[PDB]
Structures are given as C-alpha cells and as structure tokens.
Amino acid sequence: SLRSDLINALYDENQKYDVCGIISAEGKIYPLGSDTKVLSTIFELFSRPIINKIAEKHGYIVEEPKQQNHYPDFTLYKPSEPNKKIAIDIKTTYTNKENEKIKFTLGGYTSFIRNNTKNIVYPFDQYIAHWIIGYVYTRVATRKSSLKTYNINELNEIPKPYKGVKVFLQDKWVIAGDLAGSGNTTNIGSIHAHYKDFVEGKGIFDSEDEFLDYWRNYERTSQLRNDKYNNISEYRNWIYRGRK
C-alpha cells in the first residue's frame, strides 16, 4: 500500500539522516550550528524526495501549498478521484536527554477543522487521511557561533548539534491529545510520551470521530473551558450530561 511502502521508506535499512553541514561550491563545509530552526528544515528536505517516489509509484500526485501557513505539508491525490485525498504534515521535535517523553504540535483547531475551506489546500472533506511524519532527535549542547570551516578531510572532526534520529508515520487523530499546545493555544497539542507510543499508536481518543468532536467543541477561552470540558475526562462527562 501507499502507507506501508512509505513507512519502509523512512525506516531501518538506509535512511540515516546524519547531516554535518552545508557545502560550498569551492567545497568549504559550514557546520550546522546550534538551532532547531535549521534542523527541522533539513528533515523536511530529506522528506520531499522520499514522498515523491512512493506516490508516483502508486500513481499519485503530490501537491505542496503555495499560500502561507496552509495545511497540509504535502497533498497526495489521483485526478480521477478528488475525494480520496491524503494529507501529510512533517513534524519535528527534540529531547534533552535521549529516551525522554516527546511532544508535538499538530496544527490549529479553529481553521479547517471547524470550517471546511479555511486555510487548507483543498476542502477538508476531500481528504480521507491525515498522516504525520515525525522526526525526533536529541539535542547536543548549544555551543555558539562558528566561522570555522572544514574540509572533506575534516568530516569526522565536525561537531553535530543532534544525536539519535527517529521518525514515525502515524495518523493525526491517533497521537493527538486533549490539551491545546503552549504558544498559540489556537493549536492542537499531541499526546506526551515515549516515541514508542507514537509508533505503537497508544492514544487517548477512541476514534477519529471522537477526536474531531472534542476538537470542534473545545472552548477557546480558559474559563469557558471550565464550562464544557478541559480534557478527555470532562469531555466524557459533558457527553453524559447532554452536550451541555
């Protein structure tokens, strides 16, 4: 399937996203420097080509936004069947210590989840799947500035800002959580756990349906949140009480 293939695509064998730095035309190697901003972009970069090969393999068409801040990262569809579209959003995170609990941001809960055509590539209803390709890496210190160039012969002498990279493929609704993320609170926070659970799929929600519901009724205001539910628990109650 399109899924399995793509999964094998990022796993085991040969993938090793062991980047060192930026290479110049003269051949000078610039190190990455300490910063998430850089690292996630590189991951997105490694992704593109993988995604475009498993898709084409299965006759799909990959489509990337053009407009700013529009969901999702990659769109995949067969012209003949506009309603069976697929969505893929690349997510990146990092842990301080290797093996700690990771946590992501899954995008907003007040745009295309609430309004079919809001800030998304194609109407929400045309998508059947919403996958998440997550990248996890252990930060290696922060150091500082550079200006130090290296050569091909100093490859192994180059300082990497990260360690043990992991990736996974999962359904958006499966690893999503009940709390809005920090910074925005306009955006869905993921489950908070060990990488393994992502891959295992151990979630909070019962189905993609429960996911959407919780998220559509989530009161955007603190106290108002006290009104309905503040989490999967008070969400269940509210349910039992009459959706009021």
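Residue numbers count along the first chain shown, from 1. So that the term is clear: the rigid core is the largest set of C-alpha atoms that superpose within 1.5 Å between two forms. Compared with the form deposited in another entry:
In a rigid core superposition between these two forms, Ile29 is the single residue of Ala55, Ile204, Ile29, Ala180 whose Cα is displaced by 2 Å or more. The two forms, fitted on the rigid core, differ between these two forms by 2 Å or more at the CA of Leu155.
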Second form
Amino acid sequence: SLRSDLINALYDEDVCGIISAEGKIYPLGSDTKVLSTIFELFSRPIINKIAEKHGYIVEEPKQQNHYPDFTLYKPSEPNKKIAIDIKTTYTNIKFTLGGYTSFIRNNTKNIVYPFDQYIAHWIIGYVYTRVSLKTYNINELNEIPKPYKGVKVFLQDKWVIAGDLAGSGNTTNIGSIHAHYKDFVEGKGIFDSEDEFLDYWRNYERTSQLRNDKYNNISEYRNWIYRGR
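Same protein, different form: I have the form deposited in one PDB entry, so give me the form deposited in another entry.
Shown below: the chain alone.
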C-alpha cells in the first residue's frame, strides 16, 4: 500500500554537505536545527515519488507556520487527506510532536486544510547519533566528515506514539513516548485509541498549577473521566 511503499522507500533511500551551482561544497553543522531541515529535504523526493505512484497529489504549506509538512490526497476523495510531518531528535529517545493548542482544539488554526479532512497523521521520525570549517569540491566527497555517526527512520501514526507529558513549555508541544527505537517502530504507545489521545490533549492544561487540579498524566486523566470531567 501507499503506507508500506513509503515505509519501504524510506528505509531504502548519506547527505554530507550543501552544494552550489558552481560546484563548491560546504559541510554540514552537527545540530538538530541543521539536520532537521536536511532530513526534511532528503524526504521530499521520496514522498512525492511514492504518492505519485499511488495517484495522490502532494502539497506543502504556503504559510511557514502551518501543519503538516506534506498533505496527500486523491482529487476524487478529498475528505480523506493524509498528513505526514517530519520530526527529528538525536541519540548519543523522545520527540516533540506538535502543538496541542492549535488545529487539535481549533479546526482551522495553522493547518493547511481543516483538521476534519485528514483521516491519518503520520510522523516520519529520524534519529541520528551525535558524533569542518573548509569547503570541498565534487570529488573530495569521500573526505568530507559527516556530522552524524548514523541515522534511523520510521513511519508511525501520531496517536500511537504520543505520550502524556508535554514536549515543550512556552511552545506547548505534545511530547511523545520516551521509548527505545523499537517501541516506536512497533507502535507501543499508552493511549488505548486515537479518540482518547485527542480528548486528552484537547483538555490538557498549559502549566503545572492548573494541571494539578485536573490531570498531569494518563492515570489521572482516567480518574478525571470517572469523576465526570
């Protein structure tokens, strides 16, 4: 299927620098700010080839602070849009998975298409293991030092891997499970369903203070449902 083909293509598909039209190659930085944008760029060709093969249109956002990186859909079936978004983090694991106060609480905030038009939200997660100030020429490619000791990727539904603790404070992001690479691949989350994942993050309080009288984790949210919300 689209999903299994994409997953296979992803595993199938070593970036070592940026290159100018003139043939000069500048090496990469060793931080996630750098790598996150590289991985995103490295993935576009793949997503588009596969979608192409399955009859879907791929679409990127116009406004820069919009979810998701790639919106896929058939023109005959438009209300069955798939959302794919790249997330990166490093090892020497857990991800940040987006805001919990935007499109999940408000159908049209910072989202390319209204949230109810997406039937799936896949996360493509890259994990790289943390390990030059000169420029190179096309032929010194094998002398340029890579800024990572290795890389692993996976595709998985956002709900399956979401955790119950916030991923960021002032930028109110959902944190994912804090698990080994395998657990993410297999999909061993904590939410019993996507409906539970949504309800939980649509009612999560922004800070410890207000959270203290509601719920701060999964056991407590469940105890909050029993009490009658």
